[PDB]
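Left out: one protein chain. Kept in place: all the others.
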Amino acid sequence: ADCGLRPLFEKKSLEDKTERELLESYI
Amino acid sequence: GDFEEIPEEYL
Partner (left out) sequence: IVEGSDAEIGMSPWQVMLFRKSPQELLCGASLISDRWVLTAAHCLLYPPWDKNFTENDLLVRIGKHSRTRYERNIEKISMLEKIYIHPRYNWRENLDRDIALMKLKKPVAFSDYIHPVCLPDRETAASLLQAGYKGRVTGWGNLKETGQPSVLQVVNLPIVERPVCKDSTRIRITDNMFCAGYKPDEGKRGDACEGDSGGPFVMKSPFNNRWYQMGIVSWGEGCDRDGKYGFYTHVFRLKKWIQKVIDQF
């Protein structure tokens, strides 16, 4: 149920430095 | 010896 959610990122609502590059590609 | 030694319990 908690797969794919990173304790240091999604769980605290912090983004890593390049996950936006992934999002911008999902057109 | 590129890799640091592991505790002996794991080997």
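Going by the order they are written in, the chains are A and B; count residues from 1 in each one.
Basically, contacts are C-beta pairs under 8 Å (C-beta built on N, C-alpha and C of every residue); 3 or more make two chains touch, one makes a residue touch a chain.
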Q: Identify the residues of chain A touching the omitted chain, counting contacts across the whole complex.
A: 2-10, 16-19, 21-23, 25-27
Q: May I ask you to list the residues on chain B that touch the chain which is not drawn?
A: 2-7, 10-11
